[PDB]
Structure formats: structure tokens, C-alpha cells
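There are 6 protein chains.
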Amino acid sequence: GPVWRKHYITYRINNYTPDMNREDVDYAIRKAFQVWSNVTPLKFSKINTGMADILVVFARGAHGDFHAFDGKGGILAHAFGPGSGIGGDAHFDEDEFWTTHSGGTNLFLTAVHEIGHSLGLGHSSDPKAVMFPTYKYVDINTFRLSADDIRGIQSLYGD
Amino acid sequence: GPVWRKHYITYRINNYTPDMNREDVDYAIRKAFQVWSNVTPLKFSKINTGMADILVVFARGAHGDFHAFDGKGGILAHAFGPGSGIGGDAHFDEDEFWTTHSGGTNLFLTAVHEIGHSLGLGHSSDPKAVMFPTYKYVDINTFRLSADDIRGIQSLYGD
Amino acid sequence: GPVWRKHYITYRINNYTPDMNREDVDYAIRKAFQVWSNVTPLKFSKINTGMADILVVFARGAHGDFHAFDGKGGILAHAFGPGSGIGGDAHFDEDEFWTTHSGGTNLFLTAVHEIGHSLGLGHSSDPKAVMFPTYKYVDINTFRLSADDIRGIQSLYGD
Amino acid sequence: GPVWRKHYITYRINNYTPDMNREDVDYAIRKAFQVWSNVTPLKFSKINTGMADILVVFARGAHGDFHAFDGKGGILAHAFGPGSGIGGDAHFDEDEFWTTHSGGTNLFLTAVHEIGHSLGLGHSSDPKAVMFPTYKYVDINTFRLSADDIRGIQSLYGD
Amino acid sequence: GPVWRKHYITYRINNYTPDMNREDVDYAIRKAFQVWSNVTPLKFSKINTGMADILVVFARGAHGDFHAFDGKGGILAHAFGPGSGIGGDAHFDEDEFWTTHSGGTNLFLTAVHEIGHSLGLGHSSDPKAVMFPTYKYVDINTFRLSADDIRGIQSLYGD
Amino acid sequence: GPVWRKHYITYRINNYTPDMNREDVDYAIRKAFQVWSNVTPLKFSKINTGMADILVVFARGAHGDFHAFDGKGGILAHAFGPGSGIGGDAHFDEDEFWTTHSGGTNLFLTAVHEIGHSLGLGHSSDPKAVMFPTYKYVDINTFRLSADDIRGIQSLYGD
Ligand SMILES: O=C(O)C[C@@H](NC(=O)c1cc(-c2ccc(-c3ccncc3)cc2)cs1)c1ccccc1
Ligand SMILES: O=C(O)C[C@@H](NC(=O)c1cc(-c2ccc(-c3ccncc3)cc2)cs1)c1ccccc1
Ligand SMILES: O=C(O)C[C@@H](NC(=O)c1cc(-c2ccc(-c3ccncc3)cc2)cs1)c1ccccc1
Ligand SMILES: O=C(O)C[C@@H](NC(=O)c1cc(-c2ccc(-c3ccncc3)cc2)cs1)c1ccccc1
Ligand SMILES: O=C(O)C[C@@H](NC(=O)c1cc(-c2ccc(-c3ccncc3)cc2)cs1)c1ccccc1
Ligand SMILES: O=C(O)C[C@@H](NC(=O)c1cc(-c2ccc(-c3ccncc3)cc2)cs1)c1ccccc1
Ligand SMILES: O=C(O)C[C@@H](NC(=O)c1cc(-c2ccc(-c3ccncc3)cc2)cs1)c1ccccc1
Ligand SMILES: O=C(O)C[C@@H](NC(=O)c1cc(-c2ccc(-c3ccncc3)cc2)cs1)c1ccccc1
Ligand SMILES: O=C(O)C[C@@H](NC(=O)c1cc(-c2ccc(-c3ccncc3)cc2)cs1)c1ccccc1
Ligand SMILES: [Ca+2]
Ligand SMILES: [Ca+2]
Ligand SMILES: [Ca+2]
Ligand SMILES: [Ca+2]
Ligand SMILES: [Ca+2]
Ligand SMILES: [Ca+2]
Ligand SMILES: [Ca+2]
Ligand SMILES: [Ca+2]
Ligand SMILES: [Ca+2]
Ligand SMILES: [Ca+2]
Ligand SMILES: [Ca+2]
Ligand SMILES: [Ca+2]
Ligand SMILES: [Zn+2]
Ligand SMILES: [Zn+2]
Ligand SMILES: [Zn+2]
Ligand SMILES: [Zn+2]
Ligand SMILES: [Zn+2]
Ligand SMILES: [Zn+2]
Ligand SMILES: [Zn+2]
Ligand SMILES: [Zn+2]
Ligand SMILES: [Zn+2]
Ligand SMILES: [Zn+2]
Ligand SMILES: [Zn+2]
Ligand SMILES: [Zn+2]
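Going down the list, the sequences are from chains A, A', B, B', A'' and B''. A prime marks a further copy of an entry chain. Per the authors' numbering, residue 106 is the first one in the first sequence, and the count goes up by one each step. Per the authors' numbering, residue 106 is the first one in the second sequence, and the count goes up by one each step. Per the authors' numbering, residue 106 is the first one in the third sequence, and the count goes up by one each step. Per the authors' numbering, residue 106 is the first one in the fourth sequence, and the count goes up by one each step. Per the authors' numbering, residue 106 is the first one in the fifth sequence, and the count goes up by one each step. Per the authors' numbering, residue 106 is the first one in the sixth sequence, and the count goes up by one each step.
Be aware that a few hints might be false.
[To be verified] Calculated pairs, DSBU-like style, for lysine-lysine (alpha carbon to alpha carbon, straight line, at most 30 Å):
no., chain 1, residue 1, chain 2, residue 2
1, A, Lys-177, A, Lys-148
2, B', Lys-136, A'', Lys-241
3, B'', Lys-177, B, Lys-148
4, B'', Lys-151, B, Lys-148
5, A'', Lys-233, A, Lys-151
6, B, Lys-241, A', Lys-177
7, B, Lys-241, A', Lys-241
8, B', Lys-241, A'', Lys-151
9, B, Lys-148, B, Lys-136
10, B', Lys-233, A'', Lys-177
11, B', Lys-233, A'', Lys-151
12, B, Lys-151, B', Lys-148
13, B'', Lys-177, A, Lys-233
14, A', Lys-136, A', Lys-177
15, B', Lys-233, A'', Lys-233
16, A, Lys-233, A, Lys-177
17, B'', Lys-148, B', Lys-151
18, B'', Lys-241, A, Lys-241
These are calculated hints, taken from the structure and not from any lab test.
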């Protein structure tokens with residue numbers, strides 16, 4: 106489907122990457138969702154058990170969805186759009202080195218991008234958008250959504 | 106799908122309306138389901154956590170399913186038929202004043218109607234059916250399903 | 106889903122009611138779609154053979170979708186929202202007397218409403234909207250969608 | 106889904122086995138559908154081009170649906186239940202020798218069984234039912250569904 | 106769908122048959138899943154609450170999926186392929202007498218067969234395969250998957 | 106789903122870009138499918154009317170699937186993976202200048218990539234693969250899939 110037909114969406118962290126502290130991961134992911142709930146009527150809640158709408162997973166190589174990871178570098182992550190099962194799920198390539206900042210690959214920034222896909226956003230052709238296909242680091246304190254990003258997400262969920 | 110392909114169906118009360126006591130809501134909803142399980146092989150169970158087949162929700166205005174509520178009066182509630190995700194979900198317009206009896210809008214009676222939709226029943230053209238499109242109050246102690254209602258639900262689930 | 110994920114939609118008149126001339130049925134249905142395409146980016150095309158997104162059917166009593174018609178009066182027609190299979194399909198009760206005027210049930214006016222459902226619109230609580238649940242004849246020459254009708258349909262397909 | 110949500114169903118013979126004359130294949134398949142339409146409100150129509158609800162195909166070995174045929178003998182055919190895509194589709198193993206008599210494998214008798222699956226019927230444990238899992242030839246002139254066959258099919262489509 | 110698009114699959118025992126000790130049932134089922142995870146990248150986890158991918162159920166007669174059981178003998182069990190809802194679910198006919206060994210019907214062996222279906226395997230025509238349609242008892246200590254079984258499951262999930 | 110569950114797939118060119126001759130568009134699209142059928146058990150057929158598995162469309166700006174094109178440059182095209190409805194559909198941005206050579210954007214080369222998506226292939230991180238995300242012109246006479254392209258496509262359809 107093009108969008109989640111509800112405002113209360115849940116997510117769950119399937120497993121944790123040993124690259125970061127469990128709570129730094131929770132923080133990065135939660136702040137990532139917060140980026141999108143700030144400009145839409147959507148609200149996100151983390152759950153530890155049961156099925157959630159969006160399952161955040163860390164994995165390497167082939168992990169069952171037929172879109173295997175490629176080791177360090179190259180593809181860093183991917184996610185599926187709204188739907189049942191794997192729909193909305195965001196997978197992070199464990200072969201990358203996830204960090205809270207500019208060392209290795211920043212989890213927060215990458216998560217903001219993937220959640221974009223999870224909510225129904227495709228790639229943007231605007232270099233300022235978080236949905237632009239190329240990864241780059243910017244400080245979390247000064248990071249913000251481009252206008253193209255706001256338009257896209259609001260086109261889908263309004264507010 | 107036209108029907109739930111199982112006899113054990115679960116439901117969960119997403120949130121409670123502040124118009125009634127939490128337990129009066131539980132009672133109204135549970136008795137509503139009981140009305141249908143009495144004439145079919147179906148059985149309903151309430152769960153507090155995890156995804157349930159039927160999510161009972163209280164909400165106002167636009168709540169994400171693209172069928173926004175209209176404030177007090179007019180549409181009182183709605184529900185989707187059997188299926189994944191929002192399928193089977195029953196939404197109650199919080200702008201209405203829900204009551205245990207004839208004050209405002211009776212939750213039990215409305216719930217019986219919506220659960221009818223949740224189980225796959227459309228609107229009936231018979232004025233005596235609970236599936237008739239027009240809301241009316243009747244005492245819970247003397248309320249009963251019309252023959253048209255029994256035929257419809259049994260046509261779907263038998264017994 | 107909540108909407109057809111395309112602007113070019115096809116429909117097919119499965120069979121014709123013997124109440125009107127084939128040419129009149131086609132005209133009425135064509136005009137009904139036109140009402141909605143005039144306020145959205147949508148474009149409609151009629152096909153004579155093969156699968157269409159929207160199948161217009163005339164039937165009576167139980168016709169397979171578990172929402173049996175009730176003979177003369179009452180249920181005049183019904184339609185399923187966007188989706189595969191019967192999704193988007195519009196069924197007209199052949200037990201009604203379809204006409205091009207104010208006598209019997211007006212095909213054109215009923216079609217505009219049904220197509221509203223086929224496009225993803227639910228019932229409106231505004232008495233002036235074509236999506237209001239109650240059928241009524243109105244000058245078929247000065248007929249126009251109500252604001253609520255325009256808002257809702259453009260909320261889905263924009264323009 | 107458990108059943109086709111309509112009474113008018115279409116089928117298409119994708120390709121013909123070189124074992125029989127085109128006319129004989131058509132006759133056998135037509136007679137097979139007739140068996141079921143005679144005991145239900147269902148009506149079947151063959152189309153020569155385009156998508157049908159039920160696609161009849163002759164294939165051998167691995168043919169794309171992950172349920173590869175086994176060459177001569179063993180699996181004679183299989184079909185998917187009601188649904189979109191390959192749902193309802195019936196596949197006949199071209200490695201079998203299809204005939205109009207008791208030699209080789211009888212097309213007509215195998216078709217009645219396969220169509221049972223296409224309509225939503227699973228295997229029966231009654232030795233006298235066409236849905237019993239074991240293929241056997243029987244006088245194709247006095248052939249008739251068993252009671253279990255009638256009950257099950259009318260349990261889905263009634264009449 | 107043809108396969109579960111993930112390597113971590115969960116299952117849950119809906120209810121227990123009174124024929125065996127609760128833990129003997131857990132053991133039989135768990136060992137059954139182990140048989141398949143041994144030759145694939147798949148991994149299975151039991152959960153007590155929430156929805157699981159594969160729901161193991163004990164039931165008699167008609168239980169809602171339109172594939173009613175037939176009492177003692179005949180059909181012993183069945184399961185649906187990968188998918189949402191009932192997809193992947195394995196149902197065991199309670200009218201059979203389930204045992205840890207050769208008395209009555211062996212639960213472990215039957216479970217290995219049904220889970221095969223749950224993972225997307227159809228019936229095999231090879232008499233040595235666990236996916237062969239006919240039930241037979243062999244000691245759990247010397248039971249092993251046929252080559253045909255290994256090929257099928259690995260064709261779907263690799264490794 | 107991850108893949109088309111059949112070896113015979115149909116496609117239809119919904120409309121033609123005015124940039125090239127109808128004959129050239131057909132040739133380019135035909136050659137694009139040929140690239141993939143040459144390395145898999147798949148067979149492709151073009152149909153002029155009716156529903157195809159893969160619908161090739163030329164469009165500009167917002168065209169209904171919520172993934173609007175961006176005018177000249179940037180997004181050249183996109184396609185949906187295997188599935189019903191728009192599943193498998195390939196959209197080409199009419200704002201691009203489609204050609205049979207190295208000027209403008211080469212239709213054939215872009216089609217091979219898009220069809221990769223339509224068949225279930227995601228983007229590759231190998232610079233030599235047609236599925237790499239970056240469009241580039243290459244001698245359309247010595248063009249050949251990269252090993253990564255062959256592995257991935259045969260991983261889904263084999264051969
Ligand atoms: O490293 C790369 O950029 C290429 C690689 N990319 C990825 O896998 C991915 C790149 C991103 C991504 C993350 C953050 C931002 C972003 C935007 C704006 N402000 C801050 C952050 C943009 C994209 C997610 S996966 C890739 C290679 C090959 C094929 C597909 C993708
Ligand atoms: O108030 C109304 O009746 C109109 C309004 N209705 C609703 O929203 C609704 C009305 C009902 C309903 C509730 C109970 C009963 C019933 C039947 C038999 N015995 C006891 C109770 C019937 C319908 C649910 S939502 C409405 C307005 C505009 C468009 C659609 C619906
Ligand atoms: O006399 C009878 O037996 C019943 C007759 N049915 C009817 O007249 C019916 C009247 C209605 C009805 C529909 C909508 C609303 C409504 C009003 C305001 N806001 C929202 C919704 C009220 C009534 C449904 S059937 C009938 C007869 C024969 C066959 C079918 C129906
Ligand atoms: O209205 C009835 O007679 C009851 C019956 N209704 C229907 O089947 C239907 C009523 C309509 C309908 C058609 C046109 C208009 C309309 C609005 C504004 N201007 C012009 C035309 C409104 C509704 C379509 S089906 C019904 C019965 C039971 C449950 C729901 C609806
Ligand atoms: O000799 C061989 O290798 C095996 C041969 N396969 C067979 O004969 C086969 C026999 C059966 C079989 C099917 C159903 C039942 C049955 C009986 C009673 N109640 C329910 C179900 C028993 C057996 C399947 S394949 C075969 C050979 C070549 C190709 C395919 C199959
Ligand atoms: O029967 C076989 O040779 C085994 C094979 N079976 C099949 O493929 C099939 C057997 C049948 C079948 C056809 C007709 C009748 C029938 C019933 C009553 N009166 C007349 C006709 C029963 C079954 C269709 S496919 C098979 C192999 C492996 C797994 C399941 C089934
Ligand atoms: O009792 C029978 O075999 C027929 C009956 N079968 C079933 O319901 C079923 C039979 C089985 C089955 C269980 C274990 C094994 C097996 C294979 C290899 N090694 C050890 C164990 C094979 C099949 C599951 S349900 C049946 C009757 C009628 C219609 C369909 C099926
Ligand atoms: O100048 C502009 O405004 C932006 C222009 N857009 C672009 O040039 C764009 C460049 C890219 C891009 C795509 C993939 C990769 C990449 C590289 C390596 N590994 C993986 C992925 C890098 C960039 C997307 S749009 C544009 C203009 C007008 C309309 C659309 C796009
Ligand atoms: O490449 C661009 O100009 C950016 C844009 N890309 C596209 O739309 C697209 C790029 C391609 C593509 C076509 C052919 C080849 C290829 C590979 C090897 N040998 C020959 C040909 C690679 C990619 C299809 S759409 C884009 C923008 C924003 C987000 C994703 C992609
Ligand atoms: Ca990587
Ligand atoms: Ca790592
Ligand atoms: Ca209201
Ligand atoms: Ca209230
Ligand atoms: Ca009527
Ligand atoms: Ca009539
Ligand atoms: Ca065979
Ligand atoms: Ca043959
Ligand atoms: Ca039994
Ligand atoms: Ca028992
Ligand atoms: Ca463009
Ligand atoms: Ca152009
Ligand atoms: Zn993944
Ligand atoms: Zn991305
Ligand atoms: Zn709602
Ligand atoms: Zn209602
Ligand atoms: Zn209908
Ligand atoms: Zn209506
Ligand atoms: Zn097949
Ligand atoms: Zn069969
Ligand atoms: Zn069952
Ligand atoms: Zn089996
Ligand atoms: Zn598009
Ligand atoms: Zn691409």
C-alpha cells in the first residue's frame with residue numbers, strides 16, 4: 106500500500122548491533138521517527154514483544170528477503186514500504202560500522218532515510234533531501250528535513 | 106476477505122473514551138461480541154498487548170484511514186471487514202458522548218452494529234435489524250438480533 | 106487500498122439492464138465517471154472485453170459477494186473500494202427500475218455515488234453530498250458535486 | 106480467499122496438449138466446469154484472450170510456481186484456490202498422456218477434481234468423492250459427484 | 106506467497122491436545138521445526154503470547170477455515186503455505202490420538218510434514234519423502250529427510 | 106511477492122513516447138525483455154489489449170502512484186516488483202528524451218534495468234551491473250549483463 110492507514114504506528118528493534126550501546130541505538134531510532142512525526146499527524150511507539158508495524162533489523166549478507174547485503178560499504182541499508190509482513194521493515198547492514206556520530210556510518214541519519222521508505226517515500230532527486238540516494242554526514246543537532254522531504258511526507262499523511 | 110477464516114477471534118481496546126468508566130467500556134464491548142458469538146461457532150477474547158484481529162478505537166476527526174469523523178452527530182462510528190491490518194477494526198467517533206444507557210449514544214448497541222461489519226456484515230434494509238443503518242436506542246436487557254441479522258451472520262459462519 | 110494508484114482507470118459494463126436502451130446505459134455511466142474526472146487528474150476508459158479496474162454489473166438477490174440484494178426497493182446498489190478482484194466493482198440491483206429520469210431509480214445519479222465508493226470515498230454526513238447515504242432525485246441537468254464531495258475526492262487524488 | 110466472490114467465472118485454456126484434438130480438450134474442460142455449475146449458482150465462460158479467473162495450463166517439470174511436476178506418472182496436476190494472480194489456476198502435467206477415455210490419464214475426470222480446488226475445495230477423505238486424492242477412472246458417462254462433493258461445494262456457493 | 110521472506114520465523118502452540126503431556130507436545134513440535142532449520146538458513150522461535158508466523162492448532166470437525174476435519178482416521182492434519190493470517194498455520198485433527206511414539210498417530214512425524222507445507226512445500230511423489238502424502242511411522246532417532254525433501258526446502262530457502 | 110510465480114509473462118506498452126517511432130519503442134522494449142529471458146526460463150509476450158503482468162507506461166510529473174516524476178533529468182524511470190495491480194509495472198518519465206542511441210536517455214538500456222525491478226531485482230552495488238543505480242550509456246551492441254546481474258536473476262528464476 107502507499108501509506109499506513111493509521112496514525113499510531115509501532116516499531117520494534119529486532120536485534121542490536123554490537124557497534125553501539127543498546128541505548129544509543131534506541132535513541133538514534135527514536136529520534137529518527139521523531140523527525141517524521143514532527144511534521145505529520147503520525148505518532149510512533151516502541152514495543153519489546155509482539156509484532157510491530159515496523160521491525161528494525163541488523164543483518165549481514167543474505168537474510169531472507171531476497172535483497173542480500175554486500176558486506177562493508179556499498180549498500181548500507183534498505184526498507185520496505187507500508188504493508189503486512191515485511192512491509193515497513195527497515196534492515197541495517199551489520200557489516201557497516203554504526204556510530205552515534207561521524208565515525209563509520211551514522212545510525213540516526215541512515216534511520217531517518219530508511220523510515221522515510223518505511224512510511225512510503227521513494228528516493229528524491231533533490232540533493233538536499235534526506236531521501237536523496239547518497240549518504241552524507243551532518244550533525245544531528247543541525248540536521249533538518251528538506252522542503253522536498255516535508256512535501257513528500259505531508260503529501261502522504263498531511264498536517 | 107468475506108469472513109474470518111477461524112473461530113477464535115481476538116480484540117483489543119486501543120484506548121478508552123473518557124465519557125465512561127474503563128470497565129463499563131469493557132462490558133459494553135464484551136457484551137456486544139457476546140451477541141454474535143451466541144448465534145455462531147465464533148468465540149472472542151480480549152487481549153491487552155500485541156496485535157488483535159479487531160482493534161476497537163476511539164478517535165475524532167481525521168485519524169488516518171481516510172474516512173475522517175465529522176464531530177458530534179452525523180457519523181457515530183464505522184468498521185472495516187475481515188482482513189489484515191485495519192481489517193476488522195472498529196472506530197468510534199469520540200466527539201459523540203458514549204453512555205451505558207439512553208443518554209447520548211449507547212456504546213453497547215453501536216458496538217453490536219460495528220462488530221457486525223467487523224465480521225463481514227453489510228447494512229441491512231430491514232428496520233428491525235441491528236445492521237439497519239439508523240441508530241436507535243433499545244434497552245440492553247430486551248435487545249435481540251433480528252432474524253435478518255441471524256441469517257446474515259450464520260450465512261457467513263454457520264451454526 | 107485507499108485509492109487506485111494510477112490516473113488512467115478502465116471500466117466495463119458486464120451486462121445491461123433491460124430497463125433502458127443500451128445507448129442510454131452507456132451514456133449514464135459515461136456521464137457518471139465524467140463528474141469525478143472533471144475534478145481530479147483521473148481519466149476513465151470503457152473497454153468491451155477483458156478485465157477492467159471497475160466492473161459495472163446489474164444483478165439481483167444473492168450474486169456471490171455475500172452482500173445480497175433485497176429485491177424491489179431498499180438496497181439500490183453497492184460498490185467495493187479500490188483493490189484487486191471485485192475491488193472497485195459496482196453492482197446495481199436489477200430488481201430496481203432503472204431510468205434516465207425522475208421515475209424509478211435514476212441510473213446516472215446512482216452511478217455517480219457508487220463510483221464515489223469505487224474510487225475510495227465512504228459515505229458523507231453532509232445532506233448536500235452525492236455521497237450522503239440517502240438516494241434522492243435532483244435535476245440531472247444542474248447536478249453538481251457538493252463541496253464535501255470535492256474535498257474528499259481531491260483529498261485522495263488531488264488536483 | 107476461501108471462495109470466488111462472484112457467480113460468473115471465466116477460464117482460459119492457455120495452451121493445448123498435443124495428446125488430444127483441440128476440440129476434445131475444449132469439450133472435456135467445458136464438461137468439467139459444467140459438473141460444478143450444475144450444483145451451484147456458478148456460471149462459467151471461456152475466453153480466448155485476456156485474463157481469466159481460472160487459467161488452464163499444460164506444462165512439464167519446473168514451470169514457475171515452485172511446485173514442479175515430476176515427469177511421467179506421480180503428480181498429474183494441481184490447482185490453486187480462489188485468489189488473484191495464479192489463484193484458481195489449474196496446471197496439468199504435459200508429461201502425462203491426456204485422453205478422452207480410460208487409457209492414459211482422463212482429462213475430463215482430472216479437470217473436475219482440479220476445478221474443485223480452483224473453486225476452494227480441499228481434498229476429501231471419502232473414497233467416493235471426486236476430491237478424494239487418488240486418481241481413478243470411472244465410467245465418464247455415468248459419472249456424478251458424491252454427496253460429500255455436493256455438500257462441500259454448496260457449503261461455499263450454496264444453492 | 107511461495108516463501109517466508111525472512112530467516113527468523115516464530116510459532117505458537119494455540120492449544121494443547123489432552124492426549125499427550127504439554128511438554129511432549131512442545132518437544133515434538135520443536136524437534137519438527139529443528140528438522141527443517143538443520144538444512145536451511147531458517148531459525149524458529151516459540152512464543153507464548155502475541156501473533157506468531159505459524160500457529161499450531163488442535164481442533165476437530167469444522168474449525169473455521171472451510172476445510173473441516175473428518176473425525177478419527179482419514180485426514181490427520183493440514184497446514185497453509187506462507188502468508189498473512191492463517192498463512193503458515195498448521196492444524197491437527199484432535200479426533201486422532203496423538204502420541205510420542207507408534208501408538209496412535211505420531212505428532213513429531215506429522216508435524217515435520219505439516220511444517221513442510223507451512224514453509225511452502227507441496228506434496229512429493231517420492232515414497233521416501235516426508236512430504237509424501239501417506240503417513241507411516243519410523244523411529245524419531247533414525248528419522249531423516251529424503252533427498253527430495255532437502256532439494257525442495259533448499260530450492261526455497263537455500264543453504 | 107519476491108517473484109512472478111510463472112514462466113510466461115505478458116507486457117503491454119500502454120502508450121508510446123513521441124520521442125521515437127512506434128517501431129523503435131517496440132524493438133527497444135522487446136530487446137530489453139530478451140536480455141533477461143536469455144538467462145532464465147522466462148518467456149515474454151507483448152499483448153496489445155487487456156491486462157498484462159508488466160505494463161510499460163510513459164508519464165510525467167504526478168501520475169497516480171505517489172512517486173511523482175521530476176521533469177527533465179533526475180528520475181528517469183521506476184518500476185514496481187512482482188505483484189497484482191501496478192506490481193511489475195514500469196514507468197518512464199516522458200520528460201526525458203528517449204532515443205535509440207547515446208544522445209538523450211537510451212530507452213533500451215533503461216528498460217533492461219527497469220525490467221530487472223519488475224522481475225524482483227533490487228539495486229546492485231556492483232558498478233558493472235545493469236542494476237547499479239546510476240544510468241550510463243554503453244555500446245548497445247556489445248551490452249551484456251554483469252555476473253552479479255546473472256546471479257541475482259537466476260537466484261529468483263534459476264536456470
Ligand atoms: O554510500 C552511498 O551513498 C551509496 C549507497 N547508499 C546506501 O546504501 C544508502 C544511503 C542512505 C542515505 C543515508 C542518509 C542520507 C542523508 C541525506 C541528507 N542528509 C543526511 C543524510 C542519504 C542517504 C541510506 S542507505 C548505495 C550504493 C550502491 C547502490 C545503492 C546504494
Ligand atoms: O444517527 C444515525 O442514525 C445516522 C448516522 N448513523 C451512524 O453513524 C451509525 C449508526 C449505527 C447504528 C447503531 C445501532 C443500531 C441499532 C439497530 C437496532 N437496534 C438497536 C440499535 C443501528 C445503527 C452505527 S454507526 C449516519 C449519518 C450520515 C451518514 C451515515 C450514517
Ligand atoms: O418497509 C420495509 O420493509 C423496509 C424498506 N427499507 C427502507 O425503507 C430502508 C430505509 C433505509 C435507510 C437508509 C439510510 C438512512 C439514513 C438517514 C439519515 N442519515 C443517515 C442514514 C435511513 C434509512 C435503508 S433500507 C425495504 C423494503 C423492501 C426491500 C428492501 C427495503
Ligand atoms: O436510499 C435508500 O433507498 C436506501 C438504500 N440506499 C442505497 O442503496 C443507495 C443510495 C444511493 C444514493 C444515490 C444517489 C444519491 C444522491 C445524493 C445527492 N444528490 C443526488 C443523488 C445518494 C445516495 C446509492 S445506493 C440503503 C439500504 C440499506 C443500507 C444502506 C443503503
Ligand atoms: O515409484 C515411484 O518412484 C513413485 C511414483 N509415485 C506414486 O506412485 C505416488 C503415489 C502417491 C499417493 C497419493 C495418495 C495416496 C493416498 C491414499 C489414501 N488416502 C490418501 C492418500 C497414496 C499414495 C503419490 S505419488 C512416481 C514415479 C515417477 C514419477 C512420479 C511418481
Ligand atoms: O493419484 C496419483 O497418481 C498421485 C498424484 N495424484 C494426482 O496428481 C491427482 C489426482 C487427481 C484426481 C483426479 C480424479 C479423481 C476421481 C475421483 C473420483 N472419481 C473419478 C475421478 C481423483 C483424483 C487429480 S491430480 C499425487 C502425487 C503426490 C501428491 C499428491 C497427489
Ligand atoms: O493416513 C494417511 O496416510 C492418509 C491421510 N493422510 C493424512 O491426513 C496425512 C498424512 C501426513 C503424513 C505424515 C507423515 C508422513 C511421513 C513420511 C515419511 N516418513 C515419516 C512420516 C507422511 C504423511 C500428514 S497429514 C489422508 C486421507 C484422505 C485424504 C487426504 C489424506
Ligand atoms: O541539480 C539538481 O537539482 C539535482 C539533479 N539530480 C541529480 O543529479 C541526481 C543525482 C542522483 C544520484 C543517484 C545515485 C547515486 C549513487 C552513486 C553511487 N552509488 C549509489 C548511488 C548518486 C546520485 C540522484 S538525482 C536533478 C535536477 C532536475 C530534476 C531532477 C534531478
Ligand atoms: O542516474 C540518474 O540520473 C539518477 C536517477 N536514476 C534513475 O532514475 C535511473 C537509472 C536507471 C539505470 C539505467 C541503466 C543503467 C545501466 C547500467 C549498466 N550498463 C548500462 C546501463 C543503470 C541505471 C534506470 S532509472 C535517480 C534519481 C533519484 C533516485 C534514484 C535514481
Ligand atoms: Ca554494505
Ligand atoms: Ca557492524
Ligand atoms: Ca460524528
Ligand atoms: Ca466523547
Ligand atoms: Ca433492492
Ligand atoms: Ca430492473
Ligand atoms: Ca507427472
Ligand atoms: Ca502429454
Ligand atoms: Ca481425521
Ligand atoms: Ca485426540
Ligand atoms: Ca525526470
Ligand atoms: Ca520525452
Ligand atoms: Zn533486508
Ligand atoms: Zn534509500
Ligand atoms: Zn476510522
Ligand atoms: Zn454501519
Ligand atoms: Zn454485489
Ligand atoms: Zn453508498
Ligand atoms: Zn503448477
Ligand atoms: Zn487434488
Ligand atoms: Zn484447518
Ligand atoms: Zn500434506
Ligand atoms: Zn510511476
Ligand atoms: Zn532502479
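Hint by hint, here is what the structure shows:
1. Only pairs whose Cα atoms come within 30 Å are accepted, and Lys-177 (chain A) paired with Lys-148 (chain A) is rejected, the gap being roughly 33 Å.
2. Taken as a hint, the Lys-136 (chain B') and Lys-241 (chain A'') pair is broken in the structure, with Cα atoms around 37 Å apart against an allowance of 30 Å.
3. For the given pair, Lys-177 (chain B'') sits about 24 Å from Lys-148 (chain B) by alpha-carbon distance, which is consistent with the 30 Å threshold.
4. Proximity of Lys-151 (chain B'') to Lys-148 (chain B) is assessed by CA-CA distance (about 24 Å); at most 30 Å being required, the pair is judged to hold.
5. With a C-alpha separation of about 47 Å, the suggested pairing of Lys-233 (chain A'') with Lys-151 (chain A) is violated against the 30 Å cut-off.
6. Note on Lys-241 (chain B) and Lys-177 (chain A'): the hinted pairing holds, with a Cα-Cα distance of about 25 Å set against a maximum of 30 Å.
7. Under the criterion of a C-alpha separation no larger than 30 Å, the hint pairing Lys-241 (chain B) with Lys-241 (chain A') is consistent with the structure, at around 23 Å.
8. Restraint check: the Cα-Cα separation between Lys-241 (chain B') and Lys-151 (chain A'') comes to about 42 Å, which exceeds 30 Å; the hinted pair is violated.
9. A hinted pair counts as satisfied when its Cα atoms are at most 30 Å apart, and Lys-148 (chain B) with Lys-136 (chain B) qualifies at roughly 12 Å.
10. For the suggested pair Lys-233 (chain B') and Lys-177 (chain A''), the alpha carbons sit about 18 Å apart, so the restraint of at most 30 Å is met.
11. Only pairs whose Cα atoms come within 30 Å are accepted, and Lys-233 (chain B') paired with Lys-151 (chain A'') is rejected, the gap being roughly 40 Å.
12. Restraint check for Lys-151 (chain B) and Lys-148 (chain B'): satisfied, since their Cα atoms lie roughly 24 Å apart, inside the 30 Å limit.
13. With a C-alpha separation of about 18 Å, the suggested pair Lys-177 (chain B'') and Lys-233 (chain A) falls inside the 30 Å cut-off, and the hint holds.
14. Between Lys-136 (chain A') and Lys-177 (chain A'), the direct Cα distance comes to roughly 25 Å. Compliance with the 30 Å bound is thereby established for this hinted pair.
15. Among the hinted pairs, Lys-233 (chain B') with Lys-233 (chain A'') is consistent with the structure: their alpha-carbon atoms are about 28 Å apart, no more than 30 Å.
16. With a C-alpha separation of about 25 Å, the suggested pair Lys-233 (chain A) and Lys-177 (chain A) falls inside the 30 Å cut-off, and the hint holds.
17. Straight-line distance between C-alpha atoms of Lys-148 (chain B'') and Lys-151 (chain B') comes to about 24 Å, which keeps the hinted pair within the 30 Å bound.
18. Between the alpha carbons of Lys-241 (chain B'') and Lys-241 (chain A) the distance comes to roughly 23 Å, so the proposed pair stays at or under 30 Å and holds.
Hints 1, 2, 5, 8, 11, counting from the list given before, are not met by this structure.
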